[PDB]
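Colleague: Okay, here's what each chain looks like letter by letter:
There are 2 protein chains.
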Amino acid sequence: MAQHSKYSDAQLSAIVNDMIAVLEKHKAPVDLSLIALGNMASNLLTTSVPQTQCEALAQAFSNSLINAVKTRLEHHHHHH
Amino acid sequence: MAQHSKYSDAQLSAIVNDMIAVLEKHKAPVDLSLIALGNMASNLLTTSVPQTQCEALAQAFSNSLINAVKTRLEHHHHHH
Numbered sequence: 001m002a003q004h005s006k007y008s009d010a011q012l013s014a015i016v017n018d019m020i021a022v023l024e025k026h027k028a029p030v031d032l033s034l035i036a037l038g039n040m041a042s043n044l045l046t047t048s049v050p051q052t053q054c055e056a057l058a059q060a061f062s063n064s065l066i067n068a069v070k071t072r073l074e075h076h077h078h079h080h
Numbered sequence: 101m102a103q104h105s106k107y108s109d110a111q112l113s114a115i116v117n118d119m120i121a122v123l124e125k126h127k128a129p130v131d132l133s134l135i136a137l138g139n140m141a142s143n144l145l146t147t148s149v150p151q152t153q154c155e156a157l158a159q160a161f162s163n164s165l166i167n168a169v170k171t172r173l174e175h176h177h178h179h180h
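Order-wise, the sequence lines are chains A and B.
Residues in the first sequence are numbered from 1 upward in steps of one, following this note's numbering.
Residues in the second sequence are numbered from 101 upward in steps of one, following this note's numbering.
Please keep in mind that the hints were generated in silico from the structure rather than gathered at the bench.
Possibly wrong hints are sitting among the right ones.
[Claimed, not checked] Listed below are the simulated DSSO-like cross-link pairs for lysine-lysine, each with C-alpha atoms no more than 30 Å apart in a straight line: (1) A:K6 <-> B:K170; (2) A:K27 <-> B:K125; (3) A:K25 <-> B:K170; (4) B:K125 <-> A:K6; (5) B:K170 <-> A:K27; (6) B:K127 <-> A:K25; (7) B:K106 <-> A:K6; (8) B:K125 <-> B:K106; (9) A:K27 <-> B:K106; (10) B:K125 <-> A:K70.
[Unchecked claim] If you want the footprint, here are the derived chain A segments under chain B, 3+ residues with CB under 8 Å: (11) 6-17; (12) 21-30; (13) 36-48; (14) 51-64; (15) 67-76.
For each residue, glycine too, the CB sits at the ideal point set by N, CA and C.
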C-alpha cells in the first residue's frame, strides 16, 4: 500500500490513456478541456511546487514542452 | 468569482472534478500526474490547433500562468 511506483512508461501510459479516454467519454471540444487543464495547472502550480523555485520549474516544464513541439514539427532533421 | 466556462460552467467543473477523480482512481504522485499532463498538453496542441500558432499560445498561456504564480507572491497593492 506504500510507494511501489517505480516510474514506468507502462504505468505512465496507463494513466494518460485513462485521462484521455475519460475526456473522450465526455468528449470536450478542446476549448473546455484546456480550461480544465488551466484550472488544474493553476491549482497545482499554487500548491505542489517549490515556493522559491516556482518560476524555474514552471519555465522548465514549458521549455521542455516547447522543445517537444519543436522536435515534433521538425522531424526531418537530415535532408530537408 | 468571474466566468470559467461561457458554455456550461457546470460541465467544465464536472470535467475538472472527474479529472481529479480519475487521477485518484489510478493513484499517481505529483510527478507522474505532471508527466501525463505534459504529454497530454503537448499532444493536443500539436493535433487540434494550428502548429505554428499553438506554439505561441502555449508560451502565452504558460507565461500567463507564470504571471499568476508571480502575482500571487507579488500580491501587493497599497495605492488603490
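Colleague: Hint by hint, note whether the structure agrees.
Modeller: For each hint, the structure was consulted:
no.	hint	verdict
1	A:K6 <-> B:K170	violated (33 Å)
2	A:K27 <-> B:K125	holds (19 Å)
3	A:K25 <-> B:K170	violated (35 Å)
4	B:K125 <-> A:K6	holds (18 Å)
5	B:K170 <-> A:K27	violated (33 Å)
6	B:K127 <-> A:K25	holds (20 Å)
7	B:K106 <-> A:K6	violated (41 Å)
8	B:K125 <-> B:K106	holds (29 Å)
9	A:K27 <-> B:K106	holds (17 Å)
10	B:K125 <-> A:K70	violated (33 Å)
11	6-17	holds (count 6)
12	21-30	holds (count 5)
13	36-48	holds (count 11)
14	51-64	holds (count 8)
15	67-76	holds (count 4)
Figure legend: structure checked against the earlier numbered hints; hints not met, in rising order: 1, 3, 5, 7 and 10.
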